[PDB]
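The chain that follows stands alone, in the form deposited without its partner chain, written as structure tokens.
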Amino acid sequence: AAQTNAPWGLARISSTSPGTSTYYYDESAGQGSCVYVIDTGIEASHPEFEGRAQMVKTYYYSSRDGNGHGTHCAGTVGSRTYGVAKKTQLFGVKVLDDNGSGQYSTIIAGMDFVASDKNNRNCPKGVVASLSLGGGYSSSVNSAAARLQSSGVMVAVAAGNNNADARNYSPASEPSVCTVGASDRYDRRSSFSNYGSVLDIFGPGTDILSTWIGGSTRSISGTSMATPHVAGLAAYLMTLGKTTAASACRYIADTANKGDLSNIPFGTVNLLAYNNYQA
């Protein structure tokens, strides 16, 4: 399948070159998979989600996304126009308040929620969790992410936006999850992206168009935007039967575009997420 005039990041993840504008992907499109977006919520009524998004948990007075961040991330996972996996099921877990903040204890509860809640859902092709969030190093946050992964969920987490080594941030620094850095449309490391040995992969993160609250769209930047590209890619590849939740990060690294990013510090992987879709 071909989506013309796609956002650059979608085109990038189906290309061996920068500078194209068509996203190519297998029609299965993540059908039968599930992606949990653990964030500020999801505006499930947005037409872009086509009834495939729902809120499943909140720790606050509403499950509404009063911020936009979670809606944007969910759109990159699975919206019809802006998403990688255009037929996946999206589940929102609101661990972040409408200012975009959340206590680590709430974030931990939300991860253990997903590990159990997947047993309440129909996800025959597998389960992914996208965590476009983080703070300073915490062994308990890392352990929660490790449990979620161990439970059979492909966990993708943002590396962080400090232009620093991700070893000092959580859940970025948890080794067993998929830690995602950000690149731009010219195949440069995004200016803000964290780096370091713990990164597994890069995805598009600078100037990413996606859904926003109030039925709208906007372009924003962050490792928060790179993460859902990888989460959606995992869901897509799991639906194709190419990999599994336990193995998807490694598979994505195996199959990535290699050596094509600039300003990658010595000791950080030079790997850009790629679907290897051949029609």
Given for the second form:
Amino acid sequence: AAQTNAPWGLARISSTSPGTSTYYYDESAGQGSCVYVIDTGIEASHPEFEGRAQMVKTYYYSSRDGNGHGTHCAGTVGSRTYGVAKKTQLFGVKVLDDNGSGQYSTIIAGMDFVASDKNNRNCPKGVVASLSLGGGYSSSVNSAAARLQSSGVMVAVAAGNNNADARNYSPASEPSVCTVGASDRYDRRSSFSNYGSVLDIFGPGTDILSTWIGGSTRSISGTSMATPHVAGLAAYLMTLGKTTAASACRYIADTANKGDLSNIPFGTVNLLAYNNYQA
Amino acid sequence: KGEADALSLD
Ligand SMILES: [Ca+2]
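Alternative state: the form deposited with its partner chain bound, after the form deposited without its partner chain:
Every chain and every other molecule in the complex is listed next, the one we just looked at coming first.
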């Protein structure tokens, strides 16, 4: 299937070269898979979700996304126009307040919730968790991420926007999950993107158009943008039966576009998420 | 948190 004039990020992950504008993907589109977006929540009523999105858990007074960050990421995962896996089921877990803030204990609680909750859902093709958040290193946060991944959920996390080594950040520094770096439309590492040996892969993260609250849309940047591209791609590949939750990150790295990125520090992988679609 | 979402970028 093909989406013409698609956001540059979608086009990029379905091409071996930059500069294209069509997003090629298999019609299955992640149907049968589920993706938990652990963020500020999701405006589930947004037309772009077609009813495929719903809040399942909040750690605050409301389950409503009063920020927009979570709705933006969820849209990149599976909104009809801005998403990678256009048919996947989205579940929102509000672990961040409407200012985009959250305490480590709440974030950890959110991760354990998903590990257990996935057992109450019907996701025959597999479960993914997208975590576009992070802070300073913490062995407890890293550990919570490792548990979620271990329970059978494909965990994708943002590398961070400090233009530094992601070793000092969590859950970015947990080796067992999928740490996502950010790239721009000209195949350059995003200027704010963290790097380092712990990164597993890069995804489009600069000037990403997606859904926003109030039923709108807007373009923003960050490794938080990149992470849902990979979470969505994983759900897409799992639905296709190409990989499983335990090996998705590795499969994505093996089949990525190699050496296409510039301004990648020595010691950091030069790999860009790619769906390898062939019609 | 400890990351982002603030809305005037860098
Ligand atoms: Ca890893």
